[PDB]
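Start from the sequences and build out the full structure, keeping to the hints where you can.
The primary structure of each chain is shown beneath.
There are 4 protein chains.
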Amino acid sequence: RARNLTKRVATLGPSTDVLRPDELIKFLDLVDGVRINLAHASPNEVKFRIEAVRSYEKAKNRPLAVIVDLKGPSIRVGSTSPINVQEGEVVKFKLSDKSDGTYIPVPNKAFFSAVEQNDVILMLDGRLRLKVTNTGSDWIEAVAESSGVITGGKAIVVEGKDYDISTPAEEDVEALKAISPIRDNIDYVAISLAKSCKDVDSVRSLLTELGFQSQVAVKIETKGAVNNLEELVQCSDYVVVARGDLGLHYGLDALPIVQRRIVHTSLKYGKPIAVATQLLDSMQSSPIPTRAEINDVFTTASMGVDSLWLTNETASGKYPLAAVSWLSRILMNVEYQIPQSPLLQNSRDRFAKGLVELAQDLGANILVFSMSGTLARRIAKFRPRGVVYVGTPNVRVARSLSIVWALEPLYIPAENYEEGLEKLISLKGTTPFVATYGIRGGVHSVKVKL
Amino acid sequence: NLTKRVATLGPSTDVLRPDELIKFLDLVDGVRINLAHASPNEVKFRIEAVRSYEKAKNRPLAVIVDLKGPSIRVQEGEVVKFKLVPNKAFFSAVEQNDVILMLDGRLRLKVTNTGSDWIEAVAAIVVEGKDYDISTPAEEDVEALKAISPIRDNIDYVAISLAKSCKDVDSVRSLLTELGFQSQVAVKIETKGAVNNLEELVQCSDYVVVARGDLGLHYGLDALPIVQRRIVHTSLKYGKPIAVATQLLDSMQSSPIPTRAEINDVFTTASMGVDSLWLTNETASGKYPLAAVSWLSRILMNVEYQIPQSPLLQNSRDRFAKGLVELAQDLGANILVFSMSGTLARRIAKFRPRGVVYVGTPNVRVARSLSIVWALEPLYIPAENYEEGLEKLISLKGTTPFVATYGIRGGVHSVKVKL
Amino acid sequence: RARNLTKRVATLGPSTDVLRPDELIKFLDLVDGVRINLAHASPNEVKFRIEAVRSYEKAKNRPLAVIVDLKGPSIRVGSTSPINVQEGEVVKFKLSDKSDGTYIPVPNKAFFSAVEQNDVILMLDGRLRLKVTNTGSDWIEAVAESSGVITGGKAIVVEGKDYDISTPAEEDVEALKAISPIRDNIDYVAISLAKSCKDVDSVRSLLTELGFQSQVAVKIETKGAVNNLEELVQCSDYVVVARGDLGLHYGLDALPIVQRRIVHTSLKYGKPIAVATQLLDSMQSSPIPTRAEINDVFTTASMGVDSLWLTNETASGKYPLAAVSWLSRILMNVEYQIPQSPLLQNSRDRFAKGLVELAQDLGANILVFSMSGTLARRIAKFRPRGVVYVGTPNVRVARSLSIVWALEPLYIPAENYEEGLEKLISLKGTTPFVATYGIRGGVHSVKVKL
Amino acid sequence: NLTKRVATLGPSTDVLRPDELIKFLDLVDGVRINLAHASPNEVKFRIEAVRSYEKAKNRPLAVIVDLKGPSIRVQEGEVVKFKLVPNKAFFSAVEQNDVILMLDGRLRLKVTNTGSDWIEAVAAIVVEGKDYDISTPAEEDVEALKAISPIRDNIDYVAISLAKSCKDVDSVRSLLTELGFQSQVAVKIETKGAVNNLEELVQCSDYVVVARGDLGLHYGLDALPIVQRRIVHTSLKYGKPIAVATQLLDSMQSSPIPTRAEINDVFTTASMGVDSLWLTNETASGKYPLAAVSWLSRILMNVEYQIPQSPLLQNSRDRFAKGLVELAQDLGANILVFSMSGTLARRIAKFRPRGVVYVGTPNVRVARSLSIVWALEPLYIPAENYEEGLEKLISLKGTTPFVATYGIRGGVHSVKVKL
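Chains as they are written, first to last, in full-length UniProt numbering: chain A, 12 to 461; chain B, 15 to 87, 96 to 106, 117 to 155, 166 to 461; chain C, 12 to 461; chain D, 15 to 87, 96 to 106, 117 to 155, 166 to 461.
Possibly wrong hints are sitting among the right ones.
Said to hold, decoys possible - No farther apart than 20 Å at their CA atoms in a straight line, the calculated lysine to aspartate or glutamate pairs in the DMTMM-like style are these:
no., chain 1, residue 1, chain 2, residue 2
1, C, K458, B, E368
2, D, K69, D, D28
3, C, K364, B, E34
4, D, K458, A, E242
In case anyone wonders, no lab produced these hints; they're calculated from the structure.
Pasting the structure below:
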């Protein structure tokens, strides 16, 4: 009840910007990490939000993860005066960056390559659907299922289809170097719309080129990502179920099974897993969630995900504090249903599993001294059922581990492993405990007090 | 479809045109009538409509009748008073700092002063966290049952409200027997008192119901998922059919599509392995009754089930039933049961077979009863003896592979297996 | 205790021939099957022994298996006056059917192909060992490790080497047609020195050519058989650990592991398994066995073998009756150690396994109605822990099943399965019972009384 | 070599030439001296020879001393009489139809008449199936122990005969403590009375011994394998080291090669997972002592072990030990233990690790004690503290992979793992 195993991530936006210095404290006290969406964030909004986060972290001695979420590529209506669409109207799309008023301009051939007859085109976030009735060289006709106004610059998605667009997106490249002066304060970079390992690697090389030392979080947002889940999971540092986005490509009744499959796959492969968006959605307008939202959060957390990410609920909603407060409160009630076990792929895995089961058998807390976070993460993936205290001499490692299952990262300067572990045991050595360190090729050490 | 679907009839189902009523009943396995709200003649008309559909479509449906139970029947900040509230047991239960709840827990009154035949508090009647000590069955449950007793042969389940002990349940059973009912007793778990007494209460029930609305009044909003889970796990452990009722597709009272959170809630609740889910207000009085059962049924078709709590093996008929389920599962086979009482069918269902179980029976009332038990598909099959009945069931539903069975306590059990 | 699960096989010889009509009854009352060794058996000895067996079977209504054991090929010293060998003497072997006195004649090139320098040659049942010191075209020199007399016609074995000799042996072919007039009374034919599936198939085709309807029992006698165990087991009807013979090719300390491996392999593949020879060996001279022999029989039976075969103990020994009496008595004491489970290779296997575990769970006896013995055998291989009553309308099937684990075969004439099963239930239907029949492609029926 | 080898010293080992004695002691992990047969000076000379070898070869050996115990000390068909047989308890125990056994059960006498101070019967002294009621320790056990008490620091195990209750065992323990012994008490299970009381007796023993010779007198020849199995299974269940003694290579008294049946018996007995096997007559008085231990040791090198009865987990030190064994097994690693008392080493051994466990200790007496426990290879390692001792053990036997450990009750347990 008292300390959460499921980690709590909130998105920062205008609703958090205006928080009284004292409201802000009570808000950050209830999170383990923060997200900044580089779609809606100005470089000096990013800079100022991160500064407020790091300032809080210093004052309260609480390592917090900073996540930046990249926009990713998009296909948008080109230049046009607003086009008014009537229900039943046959609407024409042409490959063009500018129309003469008689059609909808779409400046990307990948839209035309993705669309077939009977596909459904989604505009206005999914509020305008158009049924495709004919296709040609660089054009499409579609029947509007309702009335609506199409504006230049609005995004276009094809229900259940992925766009074949070269990556990383030019706008992502631009956003990453704009923010590169503060790269040492960024713990996770979240990739949108990746569907192959090649896509992920490209962002990795770019982040390296630009001097970032960040974990790469891969959002599963589309049918194409779901069909390539095995390989995508294995090339990620962190996996994210992006519910809002995935809801565009699946029926609303089909989404629970897809969420389950993403979560099962990530746990199997020992990748940390998040569920994002549409958790406490009603709370944009209400200081209390609905009963169904409480059950939703409760059962999502029970599956054994590492973290839950609030988006609009905190970014733009009316009750950012109530939202994180209700998140944390629900989590304190969670009983976890025996999670998918990860695959054992080496000796170190067998060691960590044996440790976790031992601590479970003795009713013991696990303590880890970890230089880079490696053993701490290996322990976490086996889902220990109590808090795992992790001592580290690197503040950047402490921040990274803040959003990993059960981990409580503590900044502890130390000359070597043995000195580090003894400082951690001094500090957190209530009985029973199982305390370890160990690196590949070295002696692994365990101190057990029963 | 393994999880069974129950809808409540009310004003909104009454007004349905003939073709719309067919589409509605096609999407449920049983129906609930709330005796609190229905008049005797609404009860009669709704049962007649159900049995008439059942005869036309050749599909047995359970009729559940829901009893009111022994319940006790404004400005922000006001000091409000209460008086002989015709029931004494209210003033016996209430204390200082207790919360009194009104209009379904919408307005809360923190008791400032306790008196004698009175109380005062700072803004059906409930005391949060407390059970009233009212002797059972209530007078008006006796009245309601006596009044529908001429239609008793068409009542499959009688659902009891506010039980907290086996005595509550046994008393209703005696009353039903006296009035000539042959109904199963469904016990709603609605209070802290029921939850604290869960073990004994589950074991003396014929069917257990998580009544989420009523129970939500005694628990925090964030505490109720754990309680639902304990209730479901306990019923499954003791081999009792289990339903979750109310607050499933609540937003559908005003919209023909549920929220995503409601879809997830329905999905995860079904995934636990409950026998049935009961819609209440969403169909009884809501604007979109057909959309509601259409959506329940659709969500259920996507469900993948999570390995349920296994029941205790209490005897060798249990070991027999469990072995048949594991056998059928290992052969990829359907189970067929011929039964006069439904007893072997229910024993097999409690081990949660993952395919439809076809149950042949010559007793139409048994077939109606089984329609809201997990996985069971009951078919009316007249037969002179068990062997003949099983031969006819196989003849009718014997797509291979199958495991087909009958047997009663102390008799030779027969199994036919086609691989 | 009262009825054995492990079946008891005795070899008939001169010691049983002379049994008083009344001693014979008490002897056969204690066996489930009889072996006749066609090495030492004259066709009219075979005929008369079988007649006495079938006569007893009729009188006592007890189906008994008759096993005939084939001689198999051998390499024997050719024609020569006795050769006296001194310890340390360098002895010469030449390819020849007749010597001039100066060497040992061996009329089979396969001997010369099998022998290398440092091999050990075994004569006089293993009592004369010779160490090979040089080899040539069609000759060998070897140093005698002790004194001895080599006689023409004596057998020669190379320790740990197999002979490449074409099969079936001409003498086996001769013995099988000599006995072919009484072929309908022969239930098992035991093959010596097979080391490939081809060898087994050749005996199968010969037995078919000659009108036999017998199960083929394959003796594992050599290192070459042990190295080809997987395939040899899978082509057998019945497997036999021939301890005496295998003891020539392995150290005496190495034999327990080889026995275990043969038994484990046979159980895995659902082949009935016997252990033969050297069970109650001291009993040739004593009416009581040694303590070590009691432990040996006890532990061999515990492994879950279908049968134990006495050889010399009954064939030529002084106490044939005490020997079978002590065998049966020891078995009544056996507690069985959870045997190797057979592989599930079809639906019928899953059915039979499920039945056996069910009967185990209900504390029930299994009853089977079986036309050819097929389901009865499939049940037996899963090692039910109580007697399995088997009704059959074929007396030849009843005899076959007599030496299969736990089976009690009963001759029951019946028109069909359903009538057969109801006669069996009438006869053996003490509660609890699990009674079945079923053939491939048909309805399998189970009657369960709890 | 995981199963430990014990030989009895006697006339045949005494006469061994220096080089032959070295070859003999090289093939055992402990030695037994039978105080029934040895004089005090044979005891002294044989212990001195053992400790002298141990010092020269740097290998600790357990010295087991076997106590006589409270035992009571012709033509075919004759009527034989018995008289105040100096012990009364004989005539208290014997009845009509009982069998009296003489000269190791070779001749049997069926009691025809019971008298008072006498008996008559139709053809050490034993009554088949019966235990005498003689108070313990016996006078001559007190005598034998007092007489070897100056060499007590060189006695690792004292083996008790004919115990049937915890009181028998506790009494010997008090006597040993009084005389200043620090020996383990080995309890021989030798009678029906011990077997009927097996549960309590096993739990108060330091080491359990199946004495097949003595026990064979009270059971049928065909009944003894089941009894041995129950004894072994029970000791393993309660985490007690277990030996099988006598009648292992009996024919080797007169032949330098065992029978096949004896090889099988040794093999299957070792395969059950016993700590040790004890040769008695085969080495003490037989013609071929060296061949006997040479053959025991050879058979043991072929043994494949059958998954043994697992011990009860009674506390969290047990859960710790078992987890280390399973860990080492999963890593393909050797276990190293540094220990002052041998307690953690014995706790690890009872979970039956399938590799050698190297145990470092600065207490030579502990090292001698551990040499007849399953899998343990004790090394004398002087160390100032536990950390230093484990560092030295690792330095010496740290072939990777290894799981290396120390820890005492209520202290921080330390494990070092190299993968």
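Index of numbered hints that the structure contradicts, given in increasing order
Failing hints, ascending: 3, 4.
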